[PDB]
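Asks: If you want the building blocks of each chain, they are given just below.
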Amino acid sequence: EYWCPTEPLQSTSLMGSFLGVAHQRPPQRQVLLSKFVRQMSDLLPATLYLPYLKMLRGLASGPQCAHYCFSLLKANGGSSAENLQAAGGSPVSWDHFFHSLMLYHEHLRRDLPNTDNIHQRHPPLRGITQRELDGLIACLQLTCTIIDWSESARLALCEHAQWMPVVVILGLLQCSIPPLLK
Amino acid sequence: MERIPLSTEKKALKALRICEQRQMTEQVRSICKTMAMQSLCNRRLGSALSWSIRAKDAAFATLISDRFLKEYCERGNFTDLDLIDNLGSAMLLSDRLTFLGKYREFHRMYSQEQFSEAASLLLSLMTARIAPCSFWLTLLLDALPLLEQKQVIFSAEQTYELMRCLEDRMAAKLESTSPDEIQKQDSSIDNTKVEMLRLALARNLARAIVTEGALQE
Amino acid sequence: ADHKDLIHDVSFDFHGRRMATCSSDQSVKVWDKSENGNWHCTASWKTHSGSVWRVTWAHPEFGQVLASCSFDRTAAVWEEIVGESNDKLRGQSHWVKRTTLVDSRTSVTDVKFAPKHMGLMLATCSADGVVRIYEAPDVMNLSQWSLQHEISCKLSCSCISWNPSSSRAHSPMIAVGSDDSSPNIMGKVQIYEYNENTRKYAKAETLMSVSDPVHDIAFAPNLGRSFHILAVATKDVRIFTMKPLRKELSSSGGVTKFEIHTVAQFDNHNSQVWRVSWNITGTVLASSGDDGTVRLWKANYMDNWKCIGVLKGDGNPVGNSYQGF
Amino acid sequence: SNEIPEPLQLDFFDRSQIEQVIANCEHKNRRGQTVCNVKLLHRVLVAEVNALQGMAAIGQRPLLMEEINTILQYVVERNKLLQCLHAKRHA
Amino acid sequence: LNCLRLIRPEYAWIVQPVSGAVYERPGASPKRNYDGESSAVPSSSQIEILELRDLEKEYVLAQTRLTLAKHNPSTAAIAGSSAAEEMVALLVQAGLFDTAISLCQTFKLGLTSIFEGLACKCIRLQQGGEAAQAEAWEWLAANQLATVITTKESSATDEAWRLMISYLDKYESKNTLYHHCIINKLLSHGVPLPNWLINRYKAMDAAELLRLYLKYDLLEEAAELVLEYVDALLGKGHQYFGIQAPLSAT
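Residue numbers (the authors' numbering), protein chains in the order written: chain A, 459 to 640; chain B, 437 to 653; chain C, 9 to 333; chain D, 1190 to 1280; chain E, 1128 to 1377.
Because the hints were derived from the structure by calculation, they are not lab data. Since no wrong hints were added, every one of them can be taken at face value.
The following label-pair restraints were derived from C-beta to C-beta distances:
(1) B:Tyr508 x E:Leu1346: 53 to 63 Å
(2) E:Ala1258 x C:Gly127: 23 to 33 Å
(3) E:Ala1273 x C:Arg207: 21 to 31 Å
(4) C:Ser42 x B:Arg465: 24 to 34 Å
(5) C:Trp53 x B:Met599: 54 to 64 Å
(6) A:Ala504 x B:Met599: 51 to 61 Å
(7) E:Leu1314 x A:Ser634: 28 to 38 Å
(8) A:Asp574 x B:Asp616: 32 to 42 Å
(9) B:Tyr596 x E:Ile1141: 16 to 26 Å
(10) C:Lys314 x B:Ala526: 51 to 61 Å
Once the Cα atoms are required to be at most 30 Å apart in a straight line, the calculated BS3-like pairs of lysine-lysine come out as:
(11) B:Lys609 x E:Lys1235
(12) B:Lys620 x E:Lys1301
(13) D:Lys1228 x B:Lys492
(14) B:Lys506 x B:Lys629
(15) C:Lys255 x C:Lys120
(16) B:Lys620 x E:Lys1297
(17) E:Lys1297 x B:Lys609
(18) C:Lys41 x B:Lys447
(19) C:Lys96 x C:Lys41
(20) C:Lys96 x B:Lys447
(21) C:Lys124 x B:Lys492
(22) E:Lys1342 x C:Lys162
(23) B:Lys506 x B:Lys469
(24) C:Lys41 x B:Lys446
(25) E:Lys1158 x A:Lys493
(26) C:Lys208 x E:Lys1363
(27) D:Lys1217 x C:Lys265
(28) E:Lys1297 x E:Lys1197
(29) E:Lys1329 x E:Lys1363
(30) E:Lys1184 x B:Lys629
(31) C:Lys124 x B:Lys446
(32) C:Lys255 x D:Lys1217
(33) E:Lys1197 x E:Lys1235
(34) A:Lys532 x E:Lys1197
(35) B:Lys446 x C:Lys96
(36) E:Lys1297 x B:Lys506
(37) B:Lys469 x C:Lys120
(38) E:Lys1329 x C:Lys162
(39) B:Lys609 x E:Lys1197
(40) C:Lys96 x B:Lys450
No residue lacks a Cβ here, since even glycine has one placed at the ideal position from N, Cα and C.
Take these sequences, add in the hints, and give me the full structure.
Replies: Spelled out as structure tokens, the structure:
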């Protein structure tokens, strides 16, 4: 219900919906609810960043709802100025989370040796706040839920030629850290 | 019977029935292939044809079907046309004969002006992507009378898929020549015909769409 | 001049209507049996530069095709091209060398087509101890050959022979006897079968009890018998029985259980026994030695092989008979 | 009853040849009879039909499949009439 | 596309239209959309002109999207969001080999990824039985073979090797990435190198094979490669090595 079929999304079972045939408007109440949701995708104060992420992981259950939330975060994806902010917008998207991770990793590969290594004398690592920990672990819970319920998001992530989370996570596990994130 | 040097077709026939009574398929296949090749060596095309349909090998069927295709290109006439007209369901076993049969089918049904079924057969055969490169030439060529339609009953969607496949095959022909180039001598002036024919097409497309929109009046 | 000084190879067509002779004279002569009788020299031409060793013919189910080999490091493939066909007048049939597989730096030691029922291939062996196995991917070009296989025999090739296949589970094989006569090498014949599991040949067997320079090997026609028979003419007369017991389902071409039996042994030629030839069923033997003598053989009520006749090429043959016991 | 099975009408196939192969390939099962299993049967069928040709059968692959299945229910109902008999005898 | 590839080259370009300025139900509020929400807009103060090649790429996108929806409807949404290599991988999982052929032609993409994909399925073939070939035919029918098209006789993996051979014979890279990726996948899955690839890729070049003998323990075989290296030095076999220098000695 919180996934109105006005949202552009299609599957090999969604031809019975009006996303292969033009036009469909849900009842006013649910339209208002999911629409207010769609704007909250784009406006966020940092104090509510996590419970909103609980929104996210809740809605991340189920395959079709997962595909819808994938679509919503894709809308939150792309170059912008409102998913790049921790205040007034959501500091989260595939783009946001991925640049955050790649910068973390490049920093830590300057703070540690190059590939084919685990440890070496180098400049000190990045500082981590418990808030950074909470955000990272929660967002990872969301991502796992989404990739489980949606194979499409999974394949999209594995195919991203400009992120390569494979080699990224290779370097990350080569890094030595509080192994919660490992 | 693989020591015998067969030179007498009637003796071959007696051996044929001999094998028939006990159902030796494979010997039949071998002998039919051998005698078909003898026929083709003597350029006894219909005889090789007969031996082949006995052998039930559509490979040779298509191979000499190519003989048919290029000799039709050379002479403009249907070859063994009487044999062609009446082969039955075995057409569904050889695509090149499938092509030839549908070609004669079209010549007819157009000649009596069933343009709707003409378009049906053509759309079916293009989405079948039939015939080699030198013959998708003719596949393209076929659309001309449909262009010549000064009065149409086809649907707007019909016109859609029609033209869809027209340029689809167009790009496909551009690449079948070479995966980024074309090298066939016919293409250039043929390309010119392409522009004029699609000109006429688009004008008739305006015509068809205005008719269909007025058909909703 | 040509073929009038020595005959290096003589070849016949399938089912038997045509013949040809090639010599050390660098030319080939092709002869045709009229079905009304008499042998007629239908053509002759030069094909190579060395002593033309062998000619073997592609099946009539595959056209009138000649394959010739010599001391030329090369092997020529000539085709019969008909001048005119289709009723009135037949034009001069001409020979077009389709291609020459030049794959040799030593004596080209044998050339032989395959059986057709799996498709027709061609095998060429050279005195290099190497064999080359081509097939024609093109079922319309007569000059196309793709080299599927090569085996390094580690012994100079002298004679090769195909394994007949007549079963839905039989996969073919190659037997190779070597002209090597060094008295320190034990077993001059090797066996390599197409291990289907690996989709490639694996050595099936190699047989000991051989030390003679191999000149001729002869397979049994497959038929329904699981067991197979081999005849060998090197300097002796050897015949072997090979029962297939069972083979590993994934290493069939690699490991083979053959009940192998030296079943018939005749040293009666007293010279280099060049040749063995069998019945069309592979059931009567003709054996040729270097003394110009040929022995004829039947296997008895007990399958026991015996010389049923002696013909001298250096003398007059033994007389014919139909009154024994 | 005195029931009998419906004859097979095989179009791609020679019923004599199929029944020959059937008699050759049936095996002693654990019910007290020599009958080939349905699985072995069907994929032998697919293997043998694939052994020859393959040009335009691509479109007729359905028809091949339904005919294989139909022969399957043929042998199934052969078994179905069969099992009754011995327990009839015991009764 | 038709309207413009009709034209002489002078008019061969079109300006990109300006964004927005659409609504539905004429005489209504100026802005109406079905697929809304945004965070940025393309540059409209600086306009751009659209040319045959650009339009070709956009068409390739569109026709790929439709082909995706055709073989399986579930794909159109990501097709609306998919990039070139993304669609390449989606095709790798789908099986539209000739479509990928076209896409590498147009977008100038890495054929290699296609080589790994097809090779991995082909290894699954070489190991698989009847059922694997049964599915394999369903997409092998889309490809055509000049020796003979189709024939259920012979297994699928046979014409899979042959299809790789043909794709090689008709697409070439001056850099043999394709050889290297194929052979590395072979050995990564334990495959001794096929003889046909042996002969062809040696008759092009051999020392590259030599240091892959080194890299992947192909030591005996390297030893031979050396033996005929020296032998050709003695004689002439550079042709087999893809080498061209006349040889008499060393």
